[PDB]
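Mind having a look at this structure? Questions to follow.
Complex shown without one protein chain; remaining protein chains in place.
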């Protein structure tokens, strides 16, 4: 399984590391797949490249 | 956060349901984000549409 | 420019056709790009393959 | 609905903002979905990371 | 490396098989990476889900 996760910029490397570890275990337990076959890609979005309801995330999020 | 997960076809709806629930919480706890902002997309691949090392998964996986 | 749009299953072919036409023009006008260079991909998700807040869309949307 | 748009680097923040706003309204009108549920991700590509017909966009585009 | 390839529906399984094999080797030779670490995902688009220049591919391609 491959997971690509888009998140707004801002998190710490520690949080991203945890994210990768947690999501990998979640996928592994859920599908009963070896943890070693799980790949996770984190794609960070700049506040000016994400829109919700038509507005920029920078005008509406931290 | 938005997560797209590519998995091989075959799992039950129960397993996918669990996948969606488990990955959502993992993301939520990890980034300390409200569980309600987390979206998860499961994309299923046909065994003849996934290749590892140049070989089809149908030739090399269950 | 290339746009991939993930939407829940259910729309008519007419609506999707309109989606493709309307998003293409929006991109074209917005970036001042020739309408002919714009590609649009519509990816439909099964209600059991999309989750919002940990819950399936089939349990939480029409 | 979620839209991911890949575009070559170069546009202004104003153009990207418009893109996000225009595409969101286009998706909303087309599908008759609340504008507030539409998310748009803009992924910018470096001229050296996009190829058309085998050539780099930097050799063949502004 | 992971490659996702979007192609119009219609090809035979033989052609897709070749696609997967040929792109895997191309990536392997190009990046000087072990062929065994290369994953390829083929995503097929329905003619009514792909638009070029605002028009559906079913209206404009075989």
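We call the chains A, B, C, D and E, going by the order they appear; numbering starts again at 1 in every chain.
What we mean here is this: contacts are C-beta pairs under 8 Å (C-beta built on N, C-alpha and C of every residue); 3 or more make two chains touch, one makes a residue touch a chain.
Engineer: Need the list of shown chains touched by the one chain that isn't shown.
Structural biologist: Taken over the complete structure, the missing chain's partners among displayed chains are A, C, D, E.
Engineer: Could I get the residues of chain D that touch the absent chain, sorted low to high?
Structural biologist: Looking at chain D, the ones touching the missing chain are residues 6, 43, 45, 48-56.
Engineer: Since one chain has been left out of the picture, which residues of chain E touch it in the full complex?
Structural biologist: With respect to the unshown chain, the touching residues of chain E are 1-8, 11, 15, 18-19, 22-23, 25-27, 29-32.
Engineer: So that we can see where the missing chain sits, which residues of chain A does it touch?
Structural biologist: 13, 16-17, 20-21, 24-25, 28, 35-44
The rule is short, and it goes like this: only the chains that are shown with their structure count from here on.
Engineer: So which of B-D, C-D or A-D is the twin of B-E, meaning more than half of its contact pairs are the same residue numbers?
Structural biologist: A-D
Engineer: Go ahead and note the Å separation of the Cα centroids belonging to chain D and chain E.
Structural biologist: 21
Engineer: Which parts of chain E, given as residue numbers and ranges, touch two or more other chains?
Structural biologist: If we look for residues of chain E contacting two or more partner chains, we find 39, 41, 43.
Engineer: Chains as vertices, touching pairs as edges: which of line, ring, star, complete or other describes this one?
Structural biologist: Other.
Engineer: Please list each pair of chains that are touching.
Structural biologist: Here the touching chain pairs work out to A-B, A-D, A-E, B-C, B-D, B-E, C-D, C-E.
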